[PDB]
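Here you get one chain, nothing else, as structure tokens; it is the form deposited in one PDB entry.
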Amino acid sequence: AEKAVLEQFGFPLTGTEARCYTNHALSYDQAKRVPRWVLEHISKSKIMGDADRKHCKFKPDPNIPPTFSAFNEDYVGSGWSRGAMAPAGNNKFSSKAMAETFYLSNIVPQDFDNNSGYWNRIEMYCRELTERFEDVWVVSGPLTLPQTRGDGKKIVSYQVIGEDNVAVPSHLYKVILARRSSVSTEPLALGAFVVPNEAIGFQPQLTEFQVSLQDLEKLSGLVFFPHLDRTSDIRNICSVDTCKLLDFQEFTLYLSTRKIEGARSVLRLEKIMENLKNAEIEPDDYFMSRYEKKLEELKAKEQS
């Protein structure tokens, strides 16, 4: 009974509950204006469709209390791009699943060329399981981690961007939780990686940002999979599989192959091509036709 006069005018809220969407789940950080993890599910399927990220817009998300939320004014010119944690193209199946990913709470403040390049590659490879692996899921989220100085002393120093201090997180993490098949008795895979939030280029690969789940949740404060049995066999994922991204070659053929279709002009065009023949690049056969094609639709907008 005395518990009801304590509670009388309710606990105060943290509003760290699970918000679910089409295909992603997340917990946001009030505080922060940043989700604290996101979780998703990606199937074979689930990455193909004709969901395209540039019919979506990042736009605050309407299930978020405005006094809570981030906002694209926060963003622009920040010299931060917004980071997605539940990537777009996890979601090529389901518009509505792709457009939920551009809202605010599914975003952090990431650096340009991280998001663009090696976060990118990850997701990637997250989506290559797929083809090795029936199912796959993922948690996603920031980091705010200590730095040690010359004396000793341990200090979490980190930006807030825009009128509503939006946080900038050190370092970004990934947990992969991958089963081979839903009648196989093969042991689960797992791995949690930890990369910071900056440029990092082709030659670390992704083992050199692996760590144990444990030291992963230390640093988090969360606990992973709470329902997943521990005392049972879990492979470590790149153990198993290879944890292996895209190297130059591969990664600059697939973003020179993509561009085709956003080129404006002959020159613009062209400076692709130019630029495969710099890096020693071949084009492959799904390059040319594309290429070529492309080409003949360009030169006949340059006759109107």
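Numbering follows the first chain given and starts at 1. Throughout, rigid core stands for the largest set of C-alpha atoms superposing within 1.5 Å between the two forms. Compared with the form deposited in another entry:
- If you fit the rigid core between the two forms, you'll see the Cα of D50 move by less than 2 angstroms.
- If you fit the rigid core between the two forms, you'll see the Cα of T252 move by less than 2 angstroms.
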Second form
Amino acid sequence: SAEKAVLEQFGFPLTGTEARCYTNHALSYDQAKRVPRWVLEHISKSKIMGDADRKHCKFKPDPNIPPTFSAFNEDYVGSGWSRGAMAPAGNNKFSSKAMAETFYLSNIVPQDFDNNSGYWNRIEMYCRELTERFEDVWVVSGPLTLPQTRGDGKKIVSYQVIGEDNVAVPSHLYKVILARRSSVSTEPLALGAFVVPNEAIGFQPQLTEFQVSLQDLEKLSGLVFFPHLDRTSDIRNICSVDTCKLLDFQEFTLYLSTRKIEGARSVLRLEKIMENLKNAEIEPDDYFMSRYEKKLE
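Starting from the form deposited in one PDB entry above, please write out the structure of the form deposited in another entry.
Here we give the lone chain, stripped of any partners or molecules.
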């Protein structure tokens, strides 16, 4: 192959798409859009429990990404968009290093403010909730810039770029969920693929509304998820063997109020929570009350 040797004289162009691995999540970086292409993580009940704190971590450029192709906090702040992490920080309570690697900008995309801490947040919580029914949960997340047909019939992909480095703002976010009940069972695996628009949503629509077939998502994203997964074998819809239903307004508001006290140093903060709970029309469940009287010390 002498002809091939001259062709490679100076080397092929580099795309920087090789898989980058961290202490509890891997990803492939898109050097052109300056966002991750896909982010893989494994969740177990053992991992979502720990002492790693979320406010001792800062969003910073991944020092493994060439600064030329890296994004920076200056691109997000005040751009009208938020820094949305794909590998959730909450999935790494067990390790402080793992949680800190979640805050590398290689793992975050521009995300609607309401969608981030709202609907998408609830999807991230449901993933952690599956750990109580499945010993192993694999999740794959990433951005999407999807087309949209217009009056004259033709389809146009259109997406915003923000900051000096032009970080691509996706029109949708995808999340594939693969769950197996036990390490020693051979139940069919539970699989679910979902595509959510990058915008405020609310509580009306059920997560089933956003479900799509795996092979479809693979077509719109140009990826092949879980190659080693024997597709000839029997695989079942995650939503037929589970709930696929996020927290309602009352549950979500209470969960936040329950977790807000854990970081409430002062007694004044606890007062506001109740005043806000009363302003919310909710009826404080006894669980929150048990975690209310213990922290009044």
